[PDB]
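The chain contents come next:
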Amino acid sequence: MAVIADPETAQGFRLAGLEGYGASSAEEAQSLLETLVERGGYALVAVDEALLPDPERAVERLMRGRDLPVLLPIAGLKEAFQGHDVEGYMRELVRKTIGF
Amino acid sequence: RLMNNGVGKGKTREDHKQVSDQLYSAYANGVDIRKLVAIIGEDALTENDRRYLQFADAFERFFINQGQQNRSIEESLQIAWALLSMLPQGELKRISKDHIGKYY
Amino acid sequence: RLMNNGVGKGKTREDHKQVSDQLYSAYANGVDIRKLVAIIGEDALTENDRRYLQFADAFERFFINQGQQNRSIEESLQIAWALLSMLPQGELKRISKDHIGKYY
Amino acid sequence: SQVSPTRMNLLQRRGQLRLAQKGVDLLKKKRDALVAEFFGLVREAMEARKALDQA
Amino acid sequence: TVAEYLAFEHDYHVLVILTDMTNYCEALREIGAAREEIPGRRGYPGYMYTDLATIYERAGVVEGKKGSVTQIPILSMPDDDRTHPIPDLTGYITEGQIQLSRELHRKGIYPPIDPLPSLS
Amino acid sequence: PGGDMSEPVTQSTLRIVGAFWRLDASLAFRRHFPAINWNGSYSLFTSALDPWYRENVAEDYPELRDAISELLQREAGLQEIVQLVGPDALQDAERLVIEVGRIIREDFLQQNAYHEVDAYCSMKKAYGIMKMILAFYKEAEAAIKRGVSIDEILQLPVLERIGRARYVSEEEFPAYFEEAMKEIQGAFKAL
Amino acid sequence: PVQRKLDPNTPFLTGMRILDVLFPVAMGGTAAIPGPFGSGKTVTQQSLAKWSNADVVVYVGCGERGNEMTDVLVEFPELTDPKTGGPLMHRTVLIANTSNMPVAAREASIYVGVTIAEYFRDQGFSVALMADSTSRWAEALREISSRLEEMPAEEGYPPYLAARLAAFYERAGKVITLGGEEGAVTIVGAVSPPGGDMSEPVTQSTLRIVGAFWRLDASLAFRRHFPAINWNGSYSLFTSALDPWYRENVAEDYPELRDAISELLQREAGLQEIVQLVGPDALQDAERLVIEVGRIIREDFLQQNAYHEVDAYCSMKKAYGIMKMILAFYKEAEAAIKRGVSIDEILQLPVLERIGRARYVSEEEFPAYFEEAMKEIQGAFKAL
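Residue numbers (full-length UniProt numbering), protein chains in the order written: chain A, 1 to 100; chain B, 360 to 463; chain C, 360 to 463; chain D, 2 to 56; chain E, 240 to 359; chain F, 387 to 577; chain G, 194 to 577.
Keep in mind that the hints were calculated from the coordinates and are not lab data. Treat the hints with care, since some could be wrong.
DSSO-like, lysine-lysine: derived pairs with alpha carbons at most 30 Å apart [as the list claims (entries may be wrong)]:
no., chain 1, residue 1, chain 2, residue 2
1, D, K30, F, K517
2, G, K531, A, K96
3, F, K531, C, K394
4, D, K31, F, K531
5, C, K370, C, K461
6, C, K452, C, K370
7, G, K198, G, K234
8, C, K370, G, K234
9, C, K452, G, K276
Estimated spans, in silico, between C-beta atoms of each pair [as the list claims (entries may be wrong)]:
no., chain 1, residue 1, chain 2, residue 2, range
10, E, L339, D, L18, 41 to 49 Å
11, F, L540, G, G463, 45 to 53 Å
12, E, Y349, G, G463, 52 to 60 Å
13, G, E564, B, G400, 54 to 62 Å
Counterexamples of contact, computed for chain D against chain C with all Cβ distances above 12 Å [as the list claims (entries may be wrong)]:
no., residue
14, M9
15, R32
16, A34
17, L35
18, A37
19, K51
20, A52
Where is the CB? At the ideal position from N, CA and C, for every residue including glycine.
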């Protein structure tokens, strides 16, 4: 895997087990996307709440339903982050299937 | 059948003949949306639908009913106009702008 | 359509009545587990409902097939019960417990 | 463009209805299972995740 | 009868073609029923069979002759119900069976003849 | 005259016969012959031929044939369900059956009325065939239980060997078939 | 003749709650019922007549299945009126015939009863005719017309249909006697097509003329809930003209309850849908709450039975209080959950069960039993 994020939290990645590329410039991540999948040992590229989750559609134009690296946002400063559970319930339920 | 008859100036107001047709397709394309929601995904449909959506409601449970009570071509047409407002004027392509400047 | 007066206590076992309307809804319920099983393996289904696969199978195979074998109501009635033992109780629950305590 | 045939087909298209009607009978509850199994996973997901992510 | 005649004493290779048979029976019907006879099936008389036997049956070749009585009828029933009276019985009677295919037609392929029930 | 089977003169006839056959048309439009519906046609008379078979050919003959019919009519059992969601809800026992029966009609329910040998059949030849398939079915259960890909089960040559049986000719037939029972076990037991 | 026919606007009750409170029919009423018969559902028709609100029992079926036709006969004398203490059979009329009788037996069948009703009616009595195997009625008519020339129309039934059918119903309601009193001639149309179907002429014809339709079903019966009248597909145009009389005598807020309660169906039907097939698991309180309400309306308000002298029979005012309470239990219920209180607690307060027993509570202790019962709710809701 490899990820991008906040500068400050990006460090960790860069330490061990991962390859960071964090910046707060790109908000598209294509920049890695094509290159990344060349090996495919990167099975993830997390994104953070500090960006915006859904308009992955660049990736959607490439993947066309292909199970390549999938984000999950992250706080980048904990003080809480459980809301996207209590939200997440909805993330399936609002779009198809009866909502809440 | 008839209708493009007995309408227009000196018989009735002159915007009647026109404000027919607008409404027609408007309401039309409303329900049309509501079909396709239930197929692919409701919110997977065009965002400039949601208004045309809501527009179907107004003509719906807002207008049509009127219980028992006398009505008038005047009072009618007044609220016939009411219908249009929410959707832009730039989206009303079957009527000229003069009557739009007659009311809104 | 009419068969109620023909059985019951004082003519035959009282519990036969309800035994019949047990096994009915029980049987059928299972018989199309038969085909949804052709969509998804046993696992997706529970054990409890899975037993209703096996139920059918013995019901049809042994119970309903009856060859030339002449029989009698008791020799028959028991069989049924026995066969139901393959399910866990409270699933026959159109039967007061007493009766189940005399069979099973 | 064509209508149907004209006879016997009545019976066949009735077994069309049989096919449909009964088919779709079961067609939900195919899915009943999967929707059933779905809830557990909805629960499970964030548990450890939230905990040690912060830690 | 102009066929046998050319076939047998004159000896030939004549293709004989029939087209509008649909309309044959139309008129046929008229005398049929307007005079009397109980209809022998789906609004048509029953000896229709015969009347359409007697036409088609003539074809073929005899031993050692240089004739050839080729019947090629062509006709149209409405819709495409092969079960609409006319081609119906024709089927039994006759032999060949080649179909146009309505579907192919307006997707521009000519001749639209294809086997979909054409069965020689 | 309809071709519709509800027309009187036809139907009254059933009600006065002992064995029967029906012919679908698009069956026949396609290569199938002598196209009858495997579902749609019945006999009664077999419930008295059982002696003769039993002795004359073999003694397990009615057993193996009812065991065939089991599939032939049960196969429809899935067929309809195929037809409302596609054939893709398949797993093992799915494409087990589907395919089994498929070949069964391709070679065991179809004949020519023009190919020299494939126009005459003896019991005993047929008898053989009925064991071919059985076998294949049996071993297939144990391929699939083991976990084998039915995909490859298709592309085993031995499927194709069974796919030539009717074109074979009687004299050779005993051993032909007998060799193939080995070729079966070889193309099964090996994996 | 009868001179004036005056007008309907006057009830006709039977004491079977759901029936009359929900779908009243009046004395010009013309109803109809379907549902399997010769199996069990018939209970109602009988009991109907037992209590009624009439004073003359008149019943006839014709074309009824043999064996079933004998049940009536036999269980009939096991009734002693609960309004005289004398054998019920005294004031009863039986015209029946099997089916294997003479043709024109059946043709007259109706006409018989019909006539008879007027007779008694004329004496100032309110009658109660009921017809059964109504569906079969035409049959004979078919036969007859067979042996003539009449080719039919429709599926087979003769071209007269809506004809002979017609007059049969035109003998009901508020006739004035030549004695100057009134006599009620309501009829209920027990028809039954070959399989609950609704493209047989008979049904789709009848239906028109009459004013109230009472669909009955198997489903509800499999659920154990007799009477098993499926409410959502039933109707009675009657309601309109009945509204005056309703509120006049009964309660001024009387209509207001029924129309309020109907909202239930509307909002239960359309609430449930996927949700009910994925149960409690991601829902919310006010979601559930609705079907909680439903529960009470459905185990009490809906349920009733024919085996107790404290609940088969009813009056307006009896049910009226009941339903009132159930409204009154909802009205505080949304005020509870908006305070945030447990739902599934309220539902475990025995005060609510104390609503539950009211139906079995007898008529006479009833006024007070409602009175007292009621205010307990008031304090049980701000108890939390």
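### Message
If I claimed the Cβ atoms of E564 (chain G) and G400 (chain B) lie 54 to 62 Å apart, would that claim hold in this structure?
### Response
The hint (54 to 62 Å, Cβ to Cβ) holds, given that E564 (chain G) and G400 (chain B) are roughly 55 Å apart.
### Separation of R32 (chain D) from chain C, once the least beta-carbon distance is taken, above 12 Å
Its Cβ does come within 12 Å of chain C, the nearest being 10 Å, so this is violated.
### Query
Does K370 (chain C) pair with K461 (chain C) here, judged by a C-alpha cut-off of 30 Å?
The given pair, whose Cα atoms are some 19 Å apart, holds under the 30 Å limit.
### Task
Check the following: the C-beta atoms of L540 (chain F) and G463 (chain G) are separated by a distance inside 45 to 53 Å.
The hinted range 45 to 53 Å holds for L540 (chain F) and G463 (chain G), with Cβ atoms some 50 Å apart.
### Query
Is it true that the C-beta distance of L339 (chain E) to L18 (chain D) lies inside 41 to 49 Å, as the hint says?
Given range 41 to 49 Å: violated, Cβ gap about 32 Å.
### Task
For the pair supplied as a hint, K452 (chain C) and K276 (chain G), confirm whether the alpha-carbon distance does not exceed 30 Å.
Answer violated: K452 (chain C) to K276 (chain G) is near 40 Å, above 30 Å.
### Query
Taking the minimum C-beta separation from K51 (chain D) to chain C, is that value above 12 Å?
30 Å, holds
### Message
For a C-alpha distance cap of 30 Å, please report whether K531 (chain F) and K394 (chain C) respect it.
### Response
19 Å, holds
### Query
If you draw a straight line from the CA of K452 (chain C) to the CA of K370 (chain C), is it 30 Å or shorter?
Between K452 (chain C) and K370 (chain C) the Cα gap is close to 24 Å, so the pair holds against 30 Å.
### Separation of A37 (chain D) from chain C, once the least beta-carbon distance is taken, above 12 Å
9 Å, violated
### Message
Quick check for students: does the CB of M9 (chain D) sit more than 12 Å from each CB in chain C?
### Response
Nearest chain C Cβ is 28 Å from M9 (chain D), so the label holds.
### Query
Is the Cβ of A52 (chain D) farther than 12 Å from every Cβ of chain C?
31 Å, holds
Hint compliance for this structure: hints 1, 7, 9, 10, 15, 16, 17 and 18 are broken, all remaining hints hold.
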